[PDB]
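Heads up, this is only part of the complex; the chains shown haven't been moved.
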Amino acid sequence: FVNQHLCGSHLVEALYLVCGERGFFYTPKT
Amino acid sequence: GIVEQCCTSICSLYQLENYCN
């Protein structure tokens, strides 16, 4: 596939896409 | 973290899987 900048809501959209049913954590403080 | 890896820098979908549960 590719590497892009994924930021903010676009990042969590991507996480959703990628992880789906597995679920994911979005933890910007790290 | 993810913001640095994927927003500030650039990441693949594969890397994004790092943050799956």
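Chains: A and B, in written order; residue numbering restarts at 1 for each.
The definition used in the following text is that a contact is a pair of C-beta atoms (placed from the backbone, for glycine too) under 8 Å apart; a residue touches a chain by one contact, two chains touch by 3 or more.
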Full-file chain stoichiometry, since only one instance of each kind is pictured: A x6, B x6
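Here is the rule we use: only the chains that are shown with their structure count from here on.
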CA centroid of subunit A to CA centroid of subunit B, Å: 7
Residues of subunit A defined as touching subunit B within the complex: 1-8, 11, 14-15, 17-19, 22-30
Touching residues (chain side subunit B, partner subunit A) in the complex: 1-4, 6-17, 19-21
